[PDB]
Amino acid sequence: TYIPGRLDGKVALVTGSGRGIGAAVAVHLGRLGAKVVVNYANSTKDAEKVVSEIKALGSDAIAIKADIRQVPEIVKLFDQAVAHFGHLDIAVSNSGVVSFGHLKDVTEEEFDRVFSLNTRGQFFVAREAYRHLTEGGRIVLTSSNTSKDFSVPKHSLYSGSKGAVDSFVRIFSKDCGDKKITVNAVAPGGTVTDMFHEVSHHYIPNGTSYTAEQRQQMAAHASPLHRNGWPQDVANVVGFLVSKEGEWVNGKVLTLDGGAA
Amino acid sequence: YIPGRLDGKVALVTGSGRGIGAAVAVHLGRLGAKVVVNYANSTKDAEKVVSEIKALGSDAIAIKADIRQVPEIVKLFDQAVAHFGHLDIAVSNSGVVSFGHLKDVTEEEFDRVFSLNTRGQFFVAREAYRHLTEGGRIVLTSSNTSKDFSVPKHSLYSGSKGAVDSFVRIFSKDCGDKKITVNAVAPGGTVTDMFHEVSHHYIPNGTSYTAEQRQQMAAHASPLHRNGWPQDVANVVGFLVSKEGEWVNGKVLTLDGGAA
Ligand SMILES: NC(=O)c1ccc[n+]([C@@H]2O[C@H](COP(=O)([O-])OP(=O)(O)OC[C@H]3O[C@@H](n4cnc5c(N)ncnc54)[C@H](OP(=O)(O)O)[C@@H]3O)[C@@H](O)[C@H]2O)c1
Ligand SMILES: NC(=O)c1ccc[n+]([C@@H]2O[C@H](COP(=O)([O-])OP(=O)(O)OC[C@H]3O[C@@H](n4cnc5c(N)ncnc54)[C@H](OP(=O)(O)O)[C@@H]3O)[C@@H](O)[C@H]2O)c1
Ligand SMILES: O=c1c(O)c(-c2ccc(O)cc2)oc2cc(O)cc(O)c12
Ligand SMILES: O=c1c(O)c(-c2ccc(O)cc2)oc2cc(O)cc(O)c12
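First to last, the sequence lines map onto chains A and B. Residue numbering for the first sequence follows this note's numbering, beginning at 1 and increasing consecutively. Residue numbering for the second sequence follows this note's numbering, beginning at 1 and increasing consecutively.
Hints were generated in silico from the structure; no laboratory data involved. Beta carbons: idealized from backbone N, C-alpha and C, even for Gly. Don't take every hint at face value.
As the list claims (entries may be wrong) - Restricting the straight-line Cα-Cα distance to at most 35 angstroms, the calculated cross-link-like pairs of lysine-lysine (DSBU-like) are:
hint	chain 1	residue 1	chain 2	residue 2
1	A	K49	A	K244
2	A	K179	B	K173
3	B	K173	A	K154
What the hints assert, rightly or not - Covered by chain B, according to a simulated footprint, are these stretches of chain A (three or more residues, beta-carbon under 8 angstroms):
hint	segment
4	2-9
5	160-169
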């Protein structure tokens, strides 16, 4: 019985959904009615927990291990999703890594560590999603507010990895149009996950000398709403984008920073 | 001292043997800068650019280096410094173009483009920061297809320049501790070998038009009713790298003659 904004009958796949923004995204698509493929690379136990979380709320989920840096595994990841659930309608490219360093000291190895996942990875998730998805499908990739809207010292490598994503999705929308598939990206600001705590200090002048609580409480004042971004905030937006009602939002980056910018 | 001029400054330009790079190199020479001319394959053409720059009364040298290989960017920059004593201006221009529907884009094709257009440029900037003297200038090369122009089947190349757009905004923050400015020029359809390489992809049923019809059509994109030429890019690069250009920092200048 079709409820506006619900994903009953649909099958969704979220990369890196064992934990973080991706876990919230994966559970949320489950609450909306979708069956979900929970992708992980390292966090087996957390992915299990997401699968259980989704089954308990009246849906179905499977956990598939795949390093998204390896394109042959993306291909296999999408092949397995379609095999198991019958068809795939929604792909969310979420997996990502963070990076900091003054330009002068950025190494080749660090460049490739970051770009092979954030950019090359998301790119081929997009290719494999286009190849496997049903007509009228949905593809969301993950950018960041540091791509265009926010300028952070020593953050050039990461910012550019996502700036690439920002261009990808606008043109992806053109190509993917012949399968009636919309492509967008979400570009979150400070969102409280393990990534956030790992680096909150790089975003603030003399941040090492503040606590982890105090730093989070400063990031909260960036938005005029005076609160942090939460994995749920992204999930709410991804959830609209991937519904029937979000169709006319296509080829776009949505900055999700609560009005910081 | 004459304004907009570069007397006593030293410049480098990646892939300046031909195309846009060549016009940048010669123009920096015309303004008084000494030039290191980089090429990967185009030896004869690079030696001519050198002659052009000596002909207008400056000095230049050709250096072979493959901008995909960082250990070769590192050498390019050491050799420049070793030859002229110091380096003030670095233009990262070398690029390649690509077309393909998402469904067909290969691992090899991705790497081909990004190793040069993105990774390459990134490390050209790194080595430029390392080598440049106080108050130097770095300019990278982007595209009007990065943000301003949306072409089907152009996702890979568009993405590869979007990265550069984000790079220079942040690079400007880190590069300020040496008073170096970083920007990027983003040309529209500019008439080089690359233009002829892809001009049919920018136009519905492009293979049904001659190349000269395609160029005439691309001239109507500007409200000025002419094509972009390598000198158009060269002029703006010239101004960005002058003392008078200092207050343009961390920006991407789209040069399409008003097409966007
Ligand atoms: N946190 C923020 O404020 C913020 C801001 C802007 C953008 N973002 C973007 O939002 C996305 C998620 O961020 P987050 O904060 O949730 O990060 P996080 O807490 O560090 O989570 C990282 C996620 O990526 C997965 N992952 C890592 N390497 C992988 C690989 N090789 N293959 C497949 N999956 C891999 C991880 O799974 P495993 O545990 O199995 O490795 C995990 O699920 C990222 O793209 C990030 O760039 C976050
Ligand atoms: N022309 C346009 O309409 C247009 C539009 C937007 C952006 N752009 C950008 O503007 C820049 C100039 O391009 P163009 O139009 O002059 O193209 P072009 O005529 O094909 O010139 C390409 C230049 O790239 C150099 N290059 C290629 N591979 C290299 C490598 N591995 N290492 C070092 N150098 C290498 C070439 O040197 P060798 O031949 O010796 O290898 C040559 O000097 C590019 O970055 C392009 O992306 C051009
Ligand atoms: O950790 C973060 C952070 O602290 C801030 C921030 C802190 C204080 C401010 O005054 C303004 C912003 O923004 C962020 C933006 C991101 O995309 C990712 C982050 O991890 C943070
Ligand atoms: O070749 C090109 C081309 O033809 C056009 C074009 C634009 C509008 C038109 O109406 C017709 C053509 O733009 C371009 C933009 C680029 O960055 C690179 C190109 O190579 C072209």
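Right, here's what the structure says about each hint:
no.: 1; hint: A:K49 - A:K244; result: holds, 28 angstroms
no.: 2; hint: A:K179 - B:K173; result: violated, 42 angstroms
no.: 3; hint: B:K173 - A:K154; result: holds, 8 angstroms
no.: 4; hint: 2-9; result: violated (count 0)
no.: 5; hint: 160-169; result: holds (count 9)
The structure shown violates the earlier hints numbered 2, 4.
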